[PDB]
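Take a look at this single chain, the form solved in complex with the partner chain, given in structure tokens.
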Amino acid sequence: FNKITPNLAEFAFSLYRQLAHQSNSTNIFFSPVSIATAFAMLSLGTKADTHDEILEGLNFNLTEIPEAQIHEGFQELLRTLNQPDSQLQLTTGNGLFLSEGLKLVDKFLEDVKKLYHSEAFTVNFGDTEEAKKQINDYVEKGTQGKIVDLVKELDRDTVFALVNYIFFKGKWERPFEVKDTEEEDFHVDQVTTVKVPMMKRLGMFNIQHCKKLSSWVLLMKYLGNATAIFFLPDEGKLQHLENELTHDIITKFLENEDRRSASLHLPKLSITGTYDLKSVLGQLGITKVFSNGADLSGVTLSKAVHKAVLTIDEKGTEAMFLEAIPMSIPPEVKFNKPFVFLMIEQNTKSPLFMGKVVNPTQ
């Protein structure tokens, strides 16, 4: 469906809203599914408030959905995410990292393997530099070399760590031509611009202006089972757009199939988001696991980090179809000022990644 997609969606927006206010001035990029998957998997060895906070903090109402059905949700999500169509690359994995002489509840062990398909590794936390090396190695491998250094610090007492990675690589169903990419202005401010390489294409797009959001809404399909949604707010309407996004509205857009002519300008870019999940998630009512009272007892971990990297370009491949373009003048739709976007997996409809581009050359 997925049973938990609505929740993941709402989590993505809560978490986004928190990142946006404040910094207010920084590119934003994160994977809502990576964060929620790691903490749903963690919650499984917690109890009492510590536990409840986590699931509530993930936008699951506990007086509403059976806790078991959540984890079956995540189990089915993960299964699905790891069966991409052959023209799409999509992988996710969870890793557990354990001290040699650490007392582990067998139940917790078998839950994460079954529900979260987790791998498990013994490491020597006695050698802090080397344990980090081994953790960051799992990620480097999962991420095909792109992330060499997720974890930069490890408290001396730690005997346990949990990692989720997701790797996505996609090709546009209807790509841009490299010949047409040219340097244009990007309006970081109402009065300030920077130069960015700007892709463009005249084509028939699933594009519309939505009054409820005061934004243009563009859906771009990848070959295989995924879509990107881009949102361009009307002048002075970014905040309104940020405040009015809901699962229901996005679901509607996904259902729309009409195409119309537009001259689309979209920046070629790379952005990265790096987050300290303590301050950020504590702002969403997940404080206990970070503190002493932490009921870490269903297992037998204070620091939490998230890093996400985006790259967008013309095709997605060094490696045909024809659109009927009407006479009428096409609207010029330029993603040349701050915008929001969402990446959605098709089968699950889950929010793989979400972000905001304030300045592509930041």
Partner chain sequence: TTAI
The other form holds:
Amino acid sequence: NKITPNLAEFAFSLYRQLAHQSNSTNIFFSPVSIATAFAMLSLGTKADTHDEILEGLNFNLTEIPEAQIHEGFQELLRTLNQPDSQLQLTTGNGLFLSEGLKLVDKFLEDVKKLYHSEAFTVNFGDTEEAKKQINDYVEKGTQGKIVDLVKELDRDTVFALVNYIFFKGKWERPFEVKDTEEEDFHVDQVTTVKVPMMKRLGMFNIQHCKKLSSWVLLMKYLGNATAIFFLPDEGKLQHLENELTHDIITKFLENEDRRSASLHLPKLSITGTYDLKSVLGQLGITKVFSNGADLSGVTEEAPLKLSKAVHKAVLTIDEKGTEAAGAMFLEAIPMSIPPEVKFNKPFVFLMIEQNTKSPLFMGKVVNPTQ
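Beyond the form solved in complex with the partner chain, can we have the form solved without the partner chain?
Chain only, nothing else included.
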């Protein structure tokens, strides 16, 4: 995909933002779902308001034609929306607009048609009821996994955006549940907590990488996606985070070589919840959230700004991701000592969609039971 490098840069800019704020919180978000929602929104915007959004998603508008940006997203979307999908991704974006705004039909068509997204009209005159309808939409869309997403609305809200994603992947080569046991997780150099720890002896795409001073593990999911886990050497987490680049990730993805390892990887259930006005504001996207907003592609008559924009991402990592029996296979394990590679201290990860190479998720686990 032509927009993948931009999405990768966007992932890292957003990640580094969130990490710079604190190294004591788990991080999990979807560069793809956030960028898709904001590229979609830009269709309703003009001039500086429009350009700030696309530049804040790491597109250099002097270099990449807008049609290519949207064709990029639309290609990515139809990949993630395949009827077959074993990925089982649950994602949506909801726009909630004041009833009695005269809405531009082209915008509503672009949202639904091009971006296969949803737009609703609500009575923002009733703040509590609007919040309920927004939260109900998300709860319904996730058949119950995300509850009470929006906690507050400004009394002057006339436009809110909610973007949700939940993923529980199925490993192509799964862990056996019988092997999951409680183990130490080193939350710092002197402190441990107990966490459920999966383990398997297998042939892995795994390597210890000098440039990143980290172990780098790639594991495939059923459907079209790969999880990449980066385990920094003692004291090297900040180094790892600084050194990550699109080129480097591309190299790992091209490596198919496999070697024996006794892998220990925690079960995880992690969420990330982000105020996108706040977070994207630090990346330069500010006008669309301000009284200045040029949202004339959405409504021509009345003033409009985006008052509320929230992202919530939910990840489960477990042994199989399904109760179904998987395809039986056999990996040939050499008679030699496998390295023991334990994801039992803070680590960073990315999930990549295989067709486009896009960064579906990025995160950091500082403590599995936080």
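In this text, the rigid core denotes the largest set of C-alpha atoms whose superposition between the two forms falls within 1.5 Å. Numbering follows the first chain given and starts at 1.
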property: Residue among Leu90, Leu264, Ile250, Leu213 with C-alpha shift of 2 Å or more between these two forms, core superposed; result: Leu90
